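**Q** Here's the letter readout for the chains.
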Amino acid sequence: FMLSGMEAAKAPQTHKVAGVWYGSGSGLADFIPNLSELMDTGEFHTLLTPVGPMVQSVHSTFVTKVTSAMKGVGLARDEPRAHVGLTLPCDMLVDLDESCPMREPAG
Amino acid sequence: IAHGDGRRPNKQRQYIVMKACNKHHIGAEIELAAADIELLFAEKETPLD
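If you're matching them up, the sequences are chains b and W in order. Just so you know, the first sequence maps onto residues 112 to 213, 217 to 221 in the entry's author numbering. Going by the entry's author numbering, the first residue of the second sequence is number 100, and it counts up by one from there.
None of these hints come from the bench; they were simulated from the model. Just so you know, even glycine gets a beta-carbon here, dropped at the ideal spot from N, CA and C.
Residues of chain W placed beyond 10 Å of chain b at every Cβ, according to the derived structure:
1) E128
2) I129
3) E142
4) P146
5) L147
Label pairs and their in silico Cβ distance ranges:
6) W:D148 - b:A120: 48 to 58 Å
7) b:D206 - W:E130: 24 to 34 Å
8) W:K118 - b:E209: 44 to 54 Å
Here are some chain b residues the structure puts well away from chain W; computed CB gaps all over 12 Å:
9) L114
10) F142
11) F155
12) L158
13) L159
14) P161
15) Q167
16) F173
17) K176
18) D208
Can you build the whole structure from these sequences, using the hints too?
**A** Take a look at the structure:
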């Protein structure tokens with residue numbers, strides 16, 4: 112959300128939260144100097160490979176170790192016998208099946 | 100039973116009745132947690148376990 116540069120009111124809730132985890136947005140854009148030019152020709156979506164939800168993060172001062180989950184339900188580390196579910200902010204997610212009904219099949 | 104009036108006589112009769120079963124089904128659904136099914140098999144460690 113911070114590398115994008117989209118406006119405030121289009122995602123009004125996470126703009127406060129992603130503004131306190133990060134600086135003005137140039138703390139990350141110094142890694143990718145091509146963000147003005149990756150957006151022109153449209154090569155940014157070809158450089159993201161989605162990975163999956165977090166499982167564990169061992170955090171140190173300069174380097175954070177991050178363990179994600181592919182292929183299925185990741186086993187929770189600190190709580191035993193538990194299962195890490197995937198969390199999305201309510202702002203980014205746009206639900207798509209919504210009816211009065213005013217009938218759709220179950221599956 | 101016959102009688103002496105001008106009514107026609109009565110032949111003997113027969114009745115044949117057919118009945119059949121009706122099928123009925125019943126179903127109930129139970130959910131059991133995955134942790135509950137799992138730790139029935141996990142080993143004893145401590146008195147709090």
